[PDB]
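Number of protein chains: 2
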Amino acid sequence: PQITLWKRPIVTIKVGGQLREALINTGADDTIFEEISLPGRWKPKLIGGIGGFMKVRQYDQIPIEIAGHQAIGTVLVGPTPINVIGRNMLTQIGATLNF
Amino acid sequence: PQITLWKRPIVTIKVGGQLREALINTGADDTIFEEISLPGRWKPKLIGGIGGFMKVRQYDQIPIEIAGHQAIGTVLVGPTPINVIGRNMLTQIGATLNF
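Going line by line, the protein sequences match chains A and B.
The opening residue of the first sequence carries number 66 in our numbering; numbering runs sequentially from there.
The opening residue of the second sequence carries number 66 in our numbering; numbering runs sequentially from there.
Heads up, a few of these hints could be off.
No copy is singled out in the list; a pair is fine if it fits within one copy or between any two copies.
DSS-like, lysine-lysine: derived pairs with alpha carbons at most 27 Å apart [unchecked claim]: (1) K108 x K79; (2) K79 x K110; (3) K79 x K120; (4) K108 x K72.
Hint data in this document are derived by calculation from the structure and do not stem from the laboratory.
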């Protein structure tokens, strides 16, 4: 797909046996969802820092589908205003910015 | 240009006679710089964050050059961990997300 930026780039994701909506965020290093159940081992991760830190659960090697395109990568789980697809997943689908 | 996402998408900006670096952020509605001076009228704007609201200066119809491409759009000036080019300016340069 080619997505313009006149609206927030929110797309449907398959993750954790569920459908979720997430924001495509080139400014984010990582991918985070609010509360989904994921398989495997996790470890705590501190994220943020500006104002304080947030603690989240880090799951590695999780498969997702971003608007139909398959990607494997680390997924963080914790509270988030909006679920976010970050660069760790965007590289896997070959996403680029073009102008 | 075509920007891949293996590294943070930081680009050179010309704004009010200054050279700066900024992060291209599809997850940001707005564009913000810190250490810049801009001419013309502004009005205050509140932006929400951890711990409440931050007051910044909103300058409308500011010309900028983003990686060589001319735009006009609103620029906020206030503290930010990194300068950010948000969707308001990315639409003007015709930037798209592609996969």
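Checklist entry - What label fits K108 with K79 when the C-alpha limit is 27 Å: within, between, both, or neither? => result within (22 Å within a copy, 42 Å between copies)
Next on the checklist: Checking an output row: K108 and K72, CA cutoff 27 Å. Within, between, both or neither?
Outcome noted: This pair counts as between: shortest inter-copy Cα distance 24 Å, intra-copy 35 Å.
Checklist entry - What label fits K79 with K120 when the C-alpha limit is 27 Å: within, between, both, or neither? => result Cα proximity of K79 and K120: one copy only (24 Å, versus 37 Å across).
Checklist entry - When no copy is specified for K79 and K110, does a C-alpha distance of 27 Å or less occur within a copy, between copies, both, or neither? => result within (23 Å within a copy, 37 Å between copies)
Violated hints: none; the structure is consistent with every hint.
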